[PDB]
Amino acid sequence: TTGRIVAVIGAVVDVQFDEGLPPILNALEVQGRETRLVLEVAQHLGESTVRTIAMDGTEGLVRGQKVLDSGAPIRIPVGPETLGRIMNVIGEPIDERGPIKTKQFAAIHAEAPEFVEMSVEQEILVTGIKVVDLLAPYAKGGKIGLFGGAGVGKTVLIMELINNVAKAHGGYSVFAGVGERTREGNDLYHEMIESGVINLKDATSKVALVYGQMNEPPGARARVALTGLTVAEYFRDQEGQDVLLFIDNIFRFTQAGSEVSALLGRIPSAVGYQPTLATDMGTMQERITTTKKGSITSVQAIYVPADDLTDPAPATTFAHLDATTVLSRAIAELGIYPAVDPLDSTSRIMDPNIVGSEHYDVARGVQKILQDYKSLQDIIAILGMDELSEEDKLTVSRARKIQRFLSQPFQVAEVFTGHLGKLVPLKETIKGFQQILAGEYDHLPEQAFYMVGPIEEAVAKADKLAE
Amino acid sequence: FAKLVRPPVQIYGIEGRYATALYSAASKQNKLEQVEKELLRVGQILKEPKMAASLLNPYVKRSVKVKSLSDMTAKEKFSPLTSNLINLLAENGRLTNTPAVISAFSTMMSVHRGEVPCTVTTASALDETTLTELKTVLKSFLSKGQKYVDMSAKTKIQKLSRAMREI
Amino acid sequence: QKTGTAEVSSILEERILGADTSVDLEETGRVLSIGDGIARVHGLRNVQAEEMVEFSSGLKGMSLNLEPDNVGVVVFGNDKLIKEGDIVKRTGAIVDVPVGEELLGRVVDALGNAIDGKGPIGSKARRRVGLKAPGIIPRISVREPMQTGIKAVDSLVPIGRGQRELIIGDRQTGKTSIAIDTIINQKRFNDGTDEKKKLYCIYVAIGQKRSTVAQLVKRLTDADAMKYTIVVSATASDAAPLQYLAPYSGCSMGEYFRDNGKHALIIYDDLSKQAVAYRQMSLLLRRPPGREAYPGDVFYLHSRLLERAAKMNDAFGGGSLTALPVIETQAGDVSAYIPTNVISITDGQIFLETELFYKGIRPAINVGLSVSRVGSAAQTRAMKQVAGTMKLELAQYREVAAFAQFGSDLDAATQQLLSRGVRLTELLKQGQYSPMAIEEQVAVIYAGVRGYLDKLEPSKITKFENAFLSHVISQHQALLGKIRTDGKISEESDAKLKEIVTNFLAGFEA
Amino acid sequence: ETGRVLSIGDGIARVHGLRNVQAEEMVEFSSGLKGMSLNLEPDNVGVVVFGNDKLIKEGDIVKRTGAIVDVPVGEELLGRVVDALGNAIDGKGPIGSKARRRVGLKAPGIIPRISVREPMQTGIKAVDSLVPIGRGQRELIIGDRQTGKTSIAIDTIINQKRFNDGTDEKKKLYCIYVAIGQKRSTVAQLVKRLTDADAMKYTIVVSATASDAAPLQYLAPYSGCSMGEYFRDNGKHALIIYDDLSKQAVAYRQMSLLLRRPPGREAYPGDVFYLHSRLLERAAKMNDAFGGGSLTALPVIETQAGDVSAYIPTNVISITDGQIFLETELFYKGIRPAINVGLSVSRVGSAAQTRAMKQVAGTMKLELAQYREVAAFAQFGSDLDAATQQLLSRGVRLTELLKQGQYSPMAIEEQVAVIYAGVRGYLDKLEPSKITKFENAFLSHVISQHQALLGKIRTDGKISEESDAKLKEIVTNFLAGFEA
Ligand SMILES: Nc1ncnc2c1ncn2[C@@H]1O[C@H](COP(=O)(O)OP(=O)(O)NP(=O)(O)O)[C@@H](O)[C@H]1O
Ligand SMILES: Nc1ncnc2c1ncn2[C@@H]1O[C@H](COP(=O)(O)OP(=O)(O)NP(=O)(O)O)[C@@H](O)[C@H]1O
Ligand SMILES: Nc1ncnc2c1ncn2[C@@H]1O[C@H](COP(=O)(O)OP(=O)(O)O)[C@@H](O)[C@H]1O
Ligand SMILES: [Mg+2]
Ligand SMILES: [Mg+2]
Ligand SMILES: [Mg+2]
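Quick note, the sequences are listed as chains D, S, A and C, same order. The opening position of the first sequence corresponds to residue 9 in the entry's author numbering, with each subsequent residue numbered one higher. For the second sequence, the residue numbers in the entry's author numbering are 1 to 146, 169 to 189. The opening position of the third sequence corresponds to residue 1 in the entry's author numbering, with each subsequent residue numbered one higher. The opening position of the fourth sequence corresponds to residue 27 in the entry's author numbering, with each subsequent residue numbered one higher.
It is worth saying that the hints were derived from the structure and are not from the lab. The beta-carbon is built from N, C-alpha and C at its ideal position, and this holds for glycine as well. Among the hints, erroneous ones may be present.
Simulated pairs of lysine-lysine, DSSO-like, Cα-Cα distance not exceeding 27 Å [said to hold, decoys possible]: (1) D:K74 <-> S:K3; (2) S:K181 <-> C:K80; (3) S:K178 <-> C:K80; (4) C:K118 <-> C:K196; (5) A:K359 <-> D:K401; (6) D:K74 <-> A:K359; (7) D:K74 <-> C:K89; (8) S:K178 <-> C:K89; (9) A:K80 <-> D:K382; (10) S:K178 <-> C:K187; (11) D:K376 <-> A:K359; (12) S:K169 <-> C:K187; (13) S:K3 <-> S:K61.
Some chain S residues flagged as far from chain C (calculated, every beta-carbon gap over 10 Å) [unchecked claim]: (14) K28; (15) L40; (16) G43; (17) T73; (18) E76; (19) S103.
Here are the computed distance ranges between Cβ atoms for each label pair [claimed, not checked]: (20) C:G85 <-> S:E128: 24 to 32 Å; (21) D:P88 <-> S:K28: 28 to 36 Å; (22) S:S110 <-> A:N65: 36 to 44 Å; (23) A:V422 <-> D:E247: 53 to 61 Å; (24) D:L76 <-> S:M173: 50 to 58 Å.
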């Protein structure tokens with residue numbers, strides 16, 4: 009029915025209802041705004057009152073203002089006419105192109121794909137990024153996570169991912185920027201119109217955009233990700249299609265949840281996250297999945313607060329992944345972009361009975377030698393290098409080569425690197441390392457592997473640096 | 001479950017919560033007025049030199065304080081469906097509170113009737129009308145018949183201002 | 001705040017008028033408020049502590065706070081289906097779960113319901129998830145082996161039946177595999193003819209994603225292990241009290257086999273995630289936060305549960321429940337609140353480490369930190385007469401590891417221990433999903449622990465053991481199968497071994 | 027028109043009345059004091075007083091304004107010094123404030139914008155080569171106290187003389203400078219510094235300091251933003267510097283705690299992120315269809331013992347488009363301005379330089395993060411192959427280059443001059459202990475001789491094989507004339 013605001017703090021408005029107490033989750037309508045204001049219901053304090061989160065700023069509201077029970081959960085422009093279009097938290101379009109035109113709408117608060125719908129098929133999605141493919145390949149239609157502290161190359165990676173993986177793809181992609189930089193959305197729109205995965209003219213757009221950046225309220229950010237996945241959940245269940253869902257940054261979801269949690273009546277828990285950080289994540293990751301009906305390759309990027317991979321946010325995220333690429337500040341700081349930690353990155357399909365004994369045996373061999381080099385690391389740098397074995401100056405030599413050959417000039421990073429982009433096919437990666445490992449280049453100097461593509465392009469820099 | 005007669009005075013939010021009850025408990029049997037006066041009386045059945053040895057006494061408790069309030073109800077001019085707002089405050093340990101619960105009973109009664117705006121210098125305009133500042137003039141006619171930065175701030179300072187004609 | 005629930009308007013009004021909904025709120029009540037999975041309720045003036053109630057909208061709930069003026073109820077499910085007012089009703093409900101053999105092969109949820117989509121469970125019996133554990137006297141000292149079939153474990157960290165050994169380690173180190181392979185290995189006993197040696201497996205998944213528990217059961221099915229395994233699963237998007245509960249259900253379904261002279265193994269993967277859930281309920285219930293914000297009963301929680309695995313003396317069936325709880329540690333901190341607690345409750349730890357993992361040590365068991373307080377007693381004699389030595393030798397190898405590097409020229413006496421050490425170490429490496437039989441193990445360890453492998457390049461060892469194992473398994477199924485049933489290594493079997501080892505190596509490296 | 031005061035203390039007035047007051051709407055007080063609504067609760071409005079709450083007493087009168095909070099705007103502010111509400115405080119009588127913008131403005135969404143392409147020069151070799159800012163960028167200055175965090179933002183405004191005293195209407199940059207939390211003794215000494223070097227003219231300076239009330243520091247950097255929003259929304263170029271957000275946050279914390287909003291990490295309130303996020307988004311590079319106008323923002327953060335895990339410093343870094351780190355260690359070591367190249371990033375890269383700089387320093391940022399690590403590996407006196415003998419034989423000299431004086435920016439042209447000297451290897455054979463008496467000459471020698479070459483590179487902003495050729499001798503014409 010109709011309801012009247014009783015109280016308002018920051019982002020949490022309580023409302024009172026004569027008769028029609030809206031069920032939790034039910035989207036409510038603020039009457040009297042120069043721009044639409046929705047209030048996702050959050051609890052029944054009782055006496056016909058309901059506490060709620062605002063999907064925009066409450067600047068202006070007034071005790072008694074008119075609120076209307078929209079009768080059901082936030083609903084969005086799910087459907088095929090979302091491609092090329094920048095949606096938002098509540099459906100409303102914001103590329104300025106007048107209503108998104110569809111007669112199919114779905115609530116963003118769904119249940120989750122039951123046990124029996126689970127698909128157990130996993131096959132290697134090659135990305136052409138050497139480090140990921142060699143040591144921790146992603147899997148077609150699986151949950152992938154990009155771990156990173158601030159500034160280590162999380163976002164750039166996901167670009168070079170949407171560039172590679174999502175271009176040579178004839179299905180549908182849904183990129184949803186939750187809680188990060190507005191500059192970076194505008195930035196992608198135009199790259200994605202230069203490439204024309206978004207085409208303003210025809211209807212050949214292969215990419216739905218949902219957006220709710222670090223400039224919006226906690227209400228928004230807390231739900232922007234619920235929207236962008238409702239969008240990609242359609243393209244899955246219907247088409248049976250191969251939906252690529254990118255998020256950046258799934259962290260801002262729990263942070264956003266944090267900001268209001270206080271004002272919602274929660275004794276805080278460890279590190280001061282919501283007492284619900286756990287399940288909030290669960291009933292929401294458990295939706296970004298692959299059913300028998302369809303498949304969603306998911307590439308989330310997770311902020312690691314202060315790089316502490318144990319911070320209850322990134323920590324709890326790990327359970328929900330099938331392949332995790334973890335980014336290292338110490339690696340980046342050495343100039344080795346993409347700063348992937350070849351010893352904290354993991355895939356479920358790194359099984360010799362899935363990738364073959366050549367692949368596997370070769371990855372693990374690289375992983376090993378890098379680990380061994382890490383071990384000699386505080387002998388040598390404080391107690392004389394040449395005091396090493398013969399065996400060891402050798403496993404150092406090769407290691408540092410291997411370690412650098414693992415870098416890649418990214419195509420979306422030419423602006424930084426200075427070298428033209430690159431991209432290596434899985435089998436030339438396996439081969440490249442297998443060689444270095446085998447002792448076939450112990451003669452070429454270090455820098456020759458730094459930032460080249462296929463292994464030969466290092467033999468190139470091998471003379472270019474020579475004479 | 002039951003729906004509630006929230007009369008557009010509302011009042012509280014946390015404590016005089018019993019009050020907000022009986023504008024809805026009363027408005028079924030339209031006995032609003034039967035109590036508007038009933039309470040006025042109990043407000044002093046307790047301010048006696050004979051009722052304060054329990055009024056603020058955690059000594060007797062919810063035993064002989066509720067069934068010794070079957071007296072100051074049944075006996076006197078009460079014993080209706082309002083001998084109970086006591087029998088509640090009796091049990092729910094808030095007899096020490098009723099004065100405030102009656103106070104608000106009023107300020108919610110005289111907003112179905114009167115209006116409360118007040119004059120400047122003396123008593124209540126009780127503008128019991130369908131329109132605010134309509135009868136604000138025609139009822140105060142029975143009242144006759146019974169510039170340099172600083173000087174700026176110092177002129178509004180006497181107009182509608184200060185400690186002067188206030189006394 | 002000052003006031004108090006129940007006490008206001010909605011409720012208040014009607015204590016004046018005269019309200020008469022038959023059930024004086026004894027058998028029912030109504031929702032005073034609801035959010036974050038907590039449902040405060042008026043009435044139920046007759047509910048018991050921890051009783052199960054039914055919501056108007058059909059949902060299930062549990063009565064954890066019986067406060068004076070209201071019952072605080074935690075909601076088994078999404079709560080959009082609850083609103084202020086809904087009537088709540090005592091169902092006379094006992095929180096119990098389906099029990100007995102009719103579960104093997106099934107995948108139930110936290111409460112016992114099939115979710116494998118294979119319809120009804122023919123549960124002939126029910127047992128309450130909330131039960132005291134066998135006291136002091138019903139028990140006898142753990143002695144029968146519970147063999148995981150993992151070389152590192154069965155030799156250096158023996159688990160017996162009735163024991164609670166903890167798989168503990170940072171994330172992504174093989175904690176769950178240790179559990180899996182253990183289940184798998186159980187089959188060889190279950191398809192034999194010895195009842196005394198069969199083992200039924202409950203594996204409780206708490207807090208994990210479905211794409212995982214699924215994957216998991218596919219693997220347990222491909223091994224044909226599902227046939228003797230119950231898989232209880234309260235996944236990530238299940239509500240809290242489910243996860244909180246799941247392990248006690250699991251315990252109850254194995255506690256059945258225990259009390260019917262049979263032998264069960266339960267895995268609680270992951271006992272850290274259950275804690276989290278219980279924490280959540282405790283916090284929203286507004287119960288005093290303590291360290292890491294966990295309640296004062298998050299010890300009491302796990303110690304109630306894990307003290308329920310035991311070895312019943314003969315007079316009680318002879319049965320056994322054995323628990324492998326699994327704790328995720330953060331940056332290896334085993335002094336954190338939950339690790340501390342569990343490590344405290346259990347009687348052993350198998351710690352797994354990431355550096356070990358990548359160095360090559362897979363399984364990545366740190367044999368120095370790992371321990372089993374049951375120890376030797378849980379081991380067959382054969383195993384005991386090689387494992388002993390190995391332990392000691394690796395221990396010395398450990399004391400002198402430093403000189404690996406800055407020691408390519410040192411007392412030929414300790415040049416020795418290094419060699420033996422790295423070799424013994426290679427022997428403890430093992431592939432995934434490939435659990436070995438105890439007599440097989442004793443053989444391959446015997447080889448190294450007695451010298452015979454000392455003059456072989458470490459590299460080749462995992463290949464030698466691979467072929468050597470095979471040779472005896474097809475050929476001398478003779479006095480291999482005899483090492484097993486006899487239990488020990490006979491004066492005679494010692495020799496038939498030295499003959500096969502030395503002469504086979506001979507020809508191997510030739 | 028408005029009502030009572032329920033209770034007052036600590037800058038927090040509870041009010042029983044105001045029944046139709048907007049949340050976030052500013053009220054006014056009996057004594058003529060502007061307050062503010064922030065807690066709209068059932069039975070009262072908690073109001074954050076914008077000044078000394080001694081004058082307030084129980085019972086006073088609070089009256090609505092109807093307005094959400096706003097401030098003076100426009101060129102009528104330049105050269106002035108205003109408190110957090112716009113009021114002038116340099117004793118020069120009111121500003122000509124016809125323009126009046128709201129503080130509580132949300133930031134430009136996706137469309138109104140365009141990739142940051144416009145070089146915002148600092149005149150600091152260090153910054154303009156290795157972490158270059160551009161108009162619309164947020165680049166954070168972070169560091170321990172007394173590391174040089176301010177002599178960055180000051181040296182930069184003092185650089186904008188050159189452009190603001192000329193013709194080219196794009197190269198012009200008007201400067202706002204919020205001063206949150208500091209002491210007046212300093213705000214002043216700083217204006218005096220601006221004034222002297224003659225830059226004060228193009229520069230608002232909003233100042234909410236130590237003694238100013240709490241909500242006044244809360245608000246200050248927002249106010250100073252609106253003032254810079256105008257300059258962009260009307261086709262011009264603004265550079266606002268919040269100094270510092272650390273002190274602001276602290277202030278917001280106070281309000282929040284006194285308002286009884288349950289405390290979080292380090293006592294701060296939940297939205298303490300939202301606070302800096304939203305403010306800092308409001309700096310953008312507007313797209314042509316909207317003015318072409320910009321708002322570059324240098325927020326400033328102060329760390330404890332270097333701890334960048336501190337709630338705040340980690341938040342603000344996650345927000346800005348990169349940052350400069352400071353480090354006392356380098357400072358005393360001689361590396362003034364103390365920067366830490368390897369740890370400073372500019373998330374806009376060369377996309378914000380002239381193609382003149384880019385050519386002398388576009389892959390030298392990933393070189394002084396490897397020459398770094400490759401002199402920390404072979405620190406000790408041994409032997410290293412033919413490849414890594416040189417990288418060191420260079421760098422030591424190169425660093426002596428970004429060593430720069432204070433209050434003495436450089437125009438991009440000259441920066442390209444010296445950077446060229448080394449990067450092309452015309453210093454690869456000189457004892458570092460001289461590489462300063464050198465530059466201090468070779469740059470006053472090629473301003474007195476060739477205003478020629480500078481002319482070109484300065485204008486077309488590039489080094490054609492033409493320009494390059496001339497250089498290739500002007501240089502050489504110097505090393506041989508000193509040592510050889
Ligand atoms: N004995 C082994 N040899 C080689 N690889 C192994 C071995 N055991 C496990 N792995 C690999 O290690 C990976 C993950 O180990 P896992 O059993 O999941 O431990 P975990 O502690 O449960 N990690 P997680 O459940 O995500 O916190 C898998 O992909 C395996 O294939
Ligand atoms: N490039 C430079 N060369 C030599 N001295 C410098 C240089 N830059 C700054 N200084 C000096 O170092 C001091 C600190 O500079 P400042 O800008 O106040 O850093 P800060 O961290 O902002 N100090 P504070 O506001 O207390 O935090 C000054 O008093 C300067 O004169
Ligand atoms: N592929 C890359 N090659 C070289 N440098 C990179 C690469 N990716 C990121 N970087 C460096 O890291 C910085 C930050 O990248 P970003 O992905 O935005 O961090 P975040 O992980 O917080 O989103 C860049 O601006 C850049 O200088
Ligand atoms: Mg990013
Ligand atoms: Mg696991
Ligand atoms: Mg400063």
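Hints, one by one, checked against the model:
1. Distance restraint check for D:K74 and S:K3: the Cα-Cα separation of roughly 20 Å lies within the 27 Å cut-off, and the hinted pair is therefore satisfied.
2. Between the alpha carbons of S:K181 and C:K80 the distance comes to roughly 24 Å, so the proposed pair stays at or under 27 Å and holds.
3. Proposed proximity of S:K178 and C:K80 is supported: the alpha carbons are some 21 Å apart, at most 27 Å.
4. The hinted pair formed by C:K118 and C:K196 fails the criterion: a straight-line CA distance of about 30 Å is larger than 27 Å.
5. Note on A:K359 and D:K401: the hinted pairing holds, with a Cα-Cα distance of about 17 Å set against a maximum of 27 Å.
6. Of the pairs offered as hints, the one joining D:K74 and A:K359 is violated, with about 66 Å between alpha carbons and a cut-off of 27 Å exceeded.
7. With a C-alpha separation of about 24 Å, the suggested pair D:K74 and C:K89 falls inside the 27 Å cut-off, and the hint holds.
8. A hinted pair counts as satisfied when its Cα atoms are at most 27 Å apart, and S:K178 with C:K89 qualifies at roughly 16 Å.
9. Between A:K80 and D:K382, the direct Cα distance comes to roughly 52 Å. Violation of the 27 Å bound is thereby established for this hinted pair.
10. A distance of roughly 47 Å separates the Cα atoms of S:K178 and C:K187; the hinted pair therefore is violated under the 27 Å criterion.
11. Annotation: proposed proximity of D:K376 to A:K359 holds, straight-line Cα distance about 5 Å (limit 27 Å).
12. For a cut-off of 27 Å, the pair hint linking S:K169 to C:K187 is broken: about 41 Å separates their Cα positions.
13. Our distance criterion of 27 Å between C-alpha atoms is broken by S:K3 and S:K61, whose separation comes to about 33 Å.
14. Taking the minimum C-beta to C-beta distance to chain C, about 25 Å, the non-interface status of S:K28 holds against the 10 Å cut.
15. Residue-level check passed: S:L40 sits 25 Å from the nearest beta carbon of chain C, beyond 10 Å.
16. No Cβ of chain C comes within 10 Å of the Cβ of S:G43; the nearest lies about 23 Å off, and the non-interface call holds.
17. At the 10 Å boundary, the C-beta of S:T73 stays outside the reach of chain C, the nearest C-beta of that chain being 31 Å off.
18. The non-interface label for S:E76 is consistent with chain C: the shortest C-beta to C-beta separation is roughly 34 Å, beyond 10 Å.
19. Consistency note on S:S103: stated as away from chain C, and its beta-carbon is indeed over 10 Å from all of that chain's, at 14 Å minimum.
20. Taking 24 to 32 Å as the suggested C-beta distance range, the pair C:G85 and S:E128 conforms, at roughly 27 Å.
21. Checking the proposed 28 to 36 Å range against D:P88 and S:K28 shows it is violated: the Cβ atoms sit about 56 Å from each other.
22. Taken as a hint, the range 36 to 44 Å holds for the pair S:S110 and A:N65, whose Cβ atoms sit roughly 42 Å apart.
23. Taking the beta carbon of each, A:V422 and D:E247 are about 56 Å apart, inside 53 to 61 Å as hinted.
24. Checked against the hint of 50 to 58 Å, the pair D:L76 and S:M173 passes, with Cβ atoms roughly 53 Å apart.
Hint check: violations occur at hints 4, 6, 9, 10, 12, 13 and 21; the rest are consistent with the structure.
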